[PDB]
Amino acid sequence: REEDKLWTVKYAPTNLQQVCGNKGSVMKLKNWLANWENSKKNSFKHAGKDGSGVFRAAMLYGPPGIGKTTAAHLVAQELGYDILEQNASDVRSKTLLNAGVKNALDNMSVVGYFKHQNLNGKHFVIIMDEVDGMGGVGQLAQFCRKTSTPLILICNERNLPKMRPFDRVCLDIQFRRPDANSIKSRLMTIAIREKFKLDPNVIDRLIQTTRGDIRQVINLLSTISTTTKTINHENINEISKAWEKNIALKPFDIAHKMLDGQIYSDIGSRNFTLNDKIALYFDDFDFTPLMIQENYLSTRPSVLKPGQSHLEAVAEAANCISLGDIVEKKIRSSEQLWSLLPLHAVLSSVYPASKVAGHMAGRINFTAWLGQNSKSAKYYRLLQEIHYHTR
Amino acid sequence: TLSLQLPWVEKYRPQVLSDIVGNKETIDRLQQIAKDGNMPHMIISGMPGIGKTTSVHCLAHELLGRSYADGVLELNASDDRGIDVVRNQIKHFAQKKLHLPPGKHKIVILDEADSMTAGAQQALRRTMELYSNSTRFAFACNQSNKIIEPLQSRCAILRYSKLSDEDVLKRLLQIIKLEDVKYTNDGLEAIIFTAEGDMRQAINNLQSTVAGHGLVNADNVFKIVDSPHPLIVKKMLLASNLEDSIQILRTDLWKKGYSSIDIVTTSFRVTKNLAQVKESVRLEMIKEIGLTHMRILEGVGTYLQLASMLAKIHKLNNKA
Amino acid sequence: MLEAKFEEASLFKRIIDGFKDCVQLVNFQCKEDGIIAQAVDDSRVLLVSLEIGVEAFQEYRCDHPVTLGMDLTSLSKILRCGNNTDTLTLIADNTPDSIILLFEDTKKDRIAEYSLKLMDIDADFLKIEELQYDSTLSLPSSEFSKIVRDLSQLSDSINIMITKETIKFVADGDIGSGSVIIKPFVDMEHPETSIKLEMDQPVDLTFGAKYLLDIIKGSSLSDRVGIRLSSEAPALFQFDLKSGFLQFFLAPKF
Amino acid sequence: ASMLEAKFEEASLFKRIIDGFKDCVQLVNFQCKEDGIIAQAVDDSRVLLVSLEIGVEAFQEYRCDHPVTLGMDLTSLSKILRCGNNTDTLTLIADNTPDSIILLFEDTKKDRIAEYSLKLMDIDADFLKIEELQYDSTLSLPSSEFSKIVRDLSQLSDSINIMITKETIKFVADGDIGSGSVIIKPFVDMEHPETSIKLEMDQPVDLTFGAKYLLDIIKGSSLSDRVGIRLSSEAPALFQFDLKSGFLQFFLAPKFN
Amino acid sequence: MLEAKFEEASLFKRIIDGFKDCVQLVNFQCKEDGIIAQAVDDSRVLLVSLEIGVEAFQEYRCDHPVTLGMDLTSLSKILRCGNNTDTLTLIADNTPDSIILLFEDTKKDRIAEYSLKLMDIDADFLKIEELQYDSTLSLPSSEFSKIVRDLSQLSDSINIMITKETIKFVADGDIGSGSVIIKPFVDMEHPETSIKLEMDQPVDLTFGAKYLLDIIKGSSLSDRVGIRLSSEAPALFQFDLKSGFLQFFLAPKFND
DNA sequence: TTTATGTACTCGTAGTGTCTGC
DNA sequence: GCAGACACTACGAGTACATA
Ligand SMILES: Nc1ncnc2c1ncn2[C@@H]1O[C@H](COP(=O)(O)OP(=O)(O)OP(O)(O)=S)[C@@H](O)[C@H]1O
Ligand SMILES: Nc1ncnc2c1ncn2[C@@H]1O[C@H](COP(=O)(O)OP(=O)(O)OP(O)(O)=S)[C@@H](O)[C@H]1O
Ligand SMILES: [Mg+2]
Ligand SMILES: [Mg+2]
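Protein chains in written order, with the entry's author numbering: chain A, 292 to 407, 412 to 429, 435 to 691; chain B, 4 to 323; chain H, 1 to 254; chain G, -1 to 255; chain F, 1 to 256.
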């Protein structure tokens, strides 16, 4: 009914012409699922016009709340394919996955028999929504290799190593942050439908602060309209600050934000205090010390003190990096003093990057100490083998 | 052993949304949700003791009445909220068919939600997305960082802020007038200063002072409860004379019975939360405080180490 | 308003045991004629249709048509808590939020009254079909269960052949071959051992064994089972209960 | 020779008695006297109290002149009883205030002799004089019936509420799956005297108890054919299992509100 | 050249079950007189000797002396097909880098052939210095395993004090003490439970726990196990067999 | 991805026990 | 009654967090 259903549910898209942005990705998904049967008749021995003939499976990722689930549902329903979804609320263990949709990989829809012309309303389309909520990944990959039904997966972060086996077993379709025009039009329709006034310049800031999360934008509109139906440019900053989303940050972006010269400026420190720097370090405390060390010497410094050269700043940062090494060794030892993490945060990320801050000389490189250490460990093992053999 | 009187913290817990003071906009929005009935999924966050879970309980009581015995499932850290034995519980509760008023839904109070594992929240993602028509969730966590971003993408962010002194004073005066205890404005401002916007701390200090001396005058308040040592540490670190800093250290912390590690941790927290002095100066102050922290944790805890820490802090502060 | 009195809490436990392995949520739709249950598997591949005649109940009183969507695990647990000999009595009030099923003991006096919380099943109703089936073979349930458990150790693919007017079962596949042909077993002396086949067209349908075990698990209720095969429509595994019928719909594999 | 001698007719009796309350209690404080042997032990949560008592008639021979405080550990005690043939005749042996006791696992009646010893444990907690009081109700039902009811109801809720009013026993357990309401009408039978729902009445009682603790109680149902439950609003619940010569109570603490 | 055909499939498996925990691997040495495979544990303390006869275990045809070194885990994995009727077939050709283990069943026509990899060890020392033992004891192996596990559960150190008419087992631990004494009692009606301790000199030796567990693991090899004790000498735990015997050695650790 | 204890969670497995049955 | 079937508790290996 109305007035007793969530705004993000009653205003869900009804067709593929009601999706805000991601027109290319939805179009690609529609083409892939509209030509799977032709690829099946081709026995998957060659690609199609867009390359859909080689991949019997696809996977969707993107930021939350942008329309992956809605696009999947509408694409499955428009062609009549019967939806068969597995979710994180149910078990995806290897034994139960083999005891679950494994038989459904080539069966038929009995409800499709009873429901119904709907020529292709007689098949399963399989939906692992929330793949990241996991030997489940191995079983899913082996399903992707051998499946007699359309199959897609929905996750959020491909870059995680646990979906690494999905590297070339699925037709990747990437969803991005939608452009503000379609969301602007959708909120205009919603505002004129739900009696509350909305100001066009406000949608841009709402999308900017919400970081392209349409569902959270609808929730924000509902919550504001509960007591203050009028949205103007007066309380825009108040609402943006109250509903700001403290999203976690990726290691490369962590290194970029840490090495930016503005945050250590006098003006830039009023809002981005060093407490925010500690909180930013603590997002990924295992990669930030390694990321800072490998690119703190490949920038133009912009916070050089008068009479101080770039090399002096590099040396003074290396001193505190060496101190952070000793702090970490005390942290990860038999004593196991984990109350020392805030000190390691400063000495390993904040102070060394507070002297070499500036634009990149090249670009932020992935940490190489991990690979070098692994190769050194294997070389040590082989050295021990020959040492003991010849002894 | 006579039955104990209920403490004033729990005796005067609010039962309606009107009695909660502070964050007027959030309370008014909660009231509009209460009479409207269209409760969305929300996450409530803030510093401890400012009225997070009491607002959740009051809203759950107001939205649905006699159905409160079975129409709300409350969970907490004392319940073993895991991925496996508990997904079935919320799955059944959301799938449970109970007849409500037309504009009311079942409420799942996942109180203290920042302590759950990642997999539990991953299951809760689709659990919330599926039965959004029947059940609604209410997270109440001190820190919102532990909650994953898919959960934040489908929840209404209700951030509580620390209570202003006026609202704490107003509700305190209400409590005095209901209890009829002799009070002095200096004592009340002492309670406000000691509480630091933590309401339960204010009520507990009021209890201790009332039942310890009868009068809540400022001298009795400072006799019973001590001033917060973060303020003393901030005063000590910001002094200009080294002798003054050493005297403050000794008299106010070493002779008051404060462990050295507590002083070091409080100094680190004050320095990282301080903003008056230059950023770089705070960086070397943090480095030196951390060196003293390593010395303390390695075994040697002595007044001499704290004195050396203060001496080097003054060396950096006075610019050689 | 619903008052379904059973003579003993044995046949209800037996039917719940029979179909509880495959389906996990059912929806009892109670009417004046009796009770009708519609069940869909979690994989949406097999469908269990159950209806019970009013004569099975010792007493059945109803006022309005009311639905009851339950959970098989909780219901089976509550039923197993009660004694087998007792007399079950399903009671539903004006609001179908919970049912009151209670066990009465003739010996002694122990009214182990239980309550079960209902669940909100989706809006999908029953859309039962009447399309013609080409094959209707009806053979003893026990020996059918025995032979299909014998064939279940082979591959999952279980295809049924209607060649040569003779029931021809094949359980071949990747891991091995399980082709075993059975003969009609009509006997004049024993009416319980009789096989009749329509033989309209030798249609070919294949199925899965891991579910077929769940179909054959309900063989205890009826000694007579009849596979009704169609050229296109899904297979039927009907069990003629003493009053109603309990039939399994299985979608053909492909 | 030794001051304390207690030769059981069979090791099976002591094994069963120990396994009756082995799970719910960690530390046991035996107090041997000339009248018999008693054992008052408290659970770790200090909610469930066990008061074992074995009369002198359950021993084939028994002699203990001086009172002995045998504080022990049930885990190691059960481990010691785990090894040894069950048909063998156990003989408890202890010295004058010793550091240990000696378990004579005399195989059959000759040949093999065992000398298993368990170091005595210093439990300074005195025995608690919680014997009985004016109980509001006194019911008596077969152990099998009570065990079956508790096992059935524990799957439905975490708390079992026992209500007695006007010659009727009623167990209710409201939870998430459902709410059991098992009720019992008192009766007596001359044909089978073992099954008889005896009852007494002073004032109605509505006392709730935990599920795990009640399961721990019914684990001991194998010792006695009958179990006697006595309830009061101002007293812990009493579960008197009758033994061959003594008894084994279970003082369970009800929940409030 | 090697044709060590074994009568029962689940017999050599039964032997390697005992061989698994005593030592990680053995170096087989097949001779027409018999099969010997002795290995040294990782501690160089526990000694295992193997002897297999020729009259039983089907016809044994060892044309040439063959020395083979291989693991027991893969051997057990191949021997997992241990049906009560199945047999064994050992074939070693020139350069036997991969022994083919043929399975032929009498009850069914199904056949199974697998190849076992060979590692390069070529190390085997066979020395039996002592045969004279002060006390020789025969007793049922199941009772030995029972008493050893009961005493080793209580304590980590096991000592034996052999005196006149008493075979004393004592185990002192922190939890308590277990002093089980068994007397030599022989029943002619029950040969398996017969106990005889030959008496020349009393033996008092202190042993370990894990070694005793490894010794008693192979309890099913013989109904009666031969236990030999010598003063100031390694112990000898000889397990009998239908053709040959398996003896286990251990150093009596003692620090007083 | 190394880190190097202690904690907590999760799953899987192996038996161990009582419960139905012929 | 012995045999199978059954679901239960107990145990072991693996992963991930560690300051706000
Ligand atoms: N492009 C869009 N246009 C309009 N509404 C949208 C769009 N994307 C999302 N929504 C709204 O957001 C709701 C939920 O979107 P979903 O597709 O379920 O989010 P999601 O892509 O699954 O992200 P996850 O699963 O939470 S990580 C829909 O029901 C719509 O109301
Ligand atoms: N705004 C308020 N108005 C009135 N009483 C309040 C208010 N905030 C807190 N209290 C009192 O604080 C006590 C309980 O506060 P809670 O809401 O339970 O603390 P909290 O907000 O949950 O913080 P944490 O994280 O749970 S420790 C009661 O005695 C309330 O009366
Ligand atoms: Mg989704
Ligand atoms: Mg709270």
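It should be emphasised that the hints constitute simulated quantities derived from the structure, not laboratory data. Every residue, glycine too, gets a C-beta built ideally from N, C-alpha and C. Do not rely on the hints blindly, as some may be mistaken.
[To be verified] Which chain H residues stay away from chain B? Per the calculated CB distances, all over 12 Å, these:
id: 1; residue: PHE12
id: 2; residue: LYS31
id: 3; residue: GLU55
id: 4; residue: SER74
[What the hints assert, rightly or not] Derived DEER-like restraints, expressed as beta-carbon distance ranges:
id: 5; chain 1: H; residue 1: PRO202; chain 2: F; residue 2: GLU104; range: 38 to 44 Å
id: 6; chain 1: F; residue 1: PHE125; chain 2: A; residue 2: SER676; range: 49 to 55 Å
id: 7; chain 1: A; residue 1: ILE567; chain 2: B; residue 2: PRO233; range: 26 to 32 Å
[What the hints assert, rightly or not] Here are some chain B residues pointing at chain H (derived, C-beta under 10 Å):
id: 8; residue: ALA97
id: 9; residue: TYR134
id: 10; residue: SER137
Hints versus structure:
1. For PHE12/H, the non-interface assignment is confirmed: its Cβ lies about 21 Å from the closest Cβ of chain B, beyond the 12 Å cut-off.
2. With 12 Å as the threshold on Cβ separation, the claim that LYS31/H sits away from chain B holds: the shortest Cβ distance comes to roughly 19 Å.
3. Even its closest Cβ contact with chain B, about 30 Å, leaves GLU55/H beyond 12 Å, as expected for a residue assigned away from the interface.
4. Distance check on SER74/H: its Cβ comes as close as 8 Å (rounded) to a Cβ of chain B, failing to clear the 12 Å threshold; non-interface status is violated.
5. Roughly 43 Å separates the CB atoms of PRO202/H and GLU104/F, a value that falls within the hinted 38 to 44 Å.
6. A beta carbon spacing of about 39 Å between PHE125/F and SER676/A contradicts the range 49 to 55 Å that was offered as a hint.
7. The hint said 26 to 32 Å for the Cβ distance between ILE567/A and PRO233/B, and at roughly 28 Å that hint holds.
8. At a threshold of 10 Å, the smallest CB-CB gap from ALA97/B to chain H is about 9 Å, leaving the interface hint in force.
9. With a least beta-carbon distance of about 8 Å to chain H, the hint placing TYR134/B at the interface is held under the 10 Å criterion.
10. For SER137/B, the interface hint holds, the least distance from its beta-carbon to any beta-carbon of chain H being 6 Å, beneath 10 Å.
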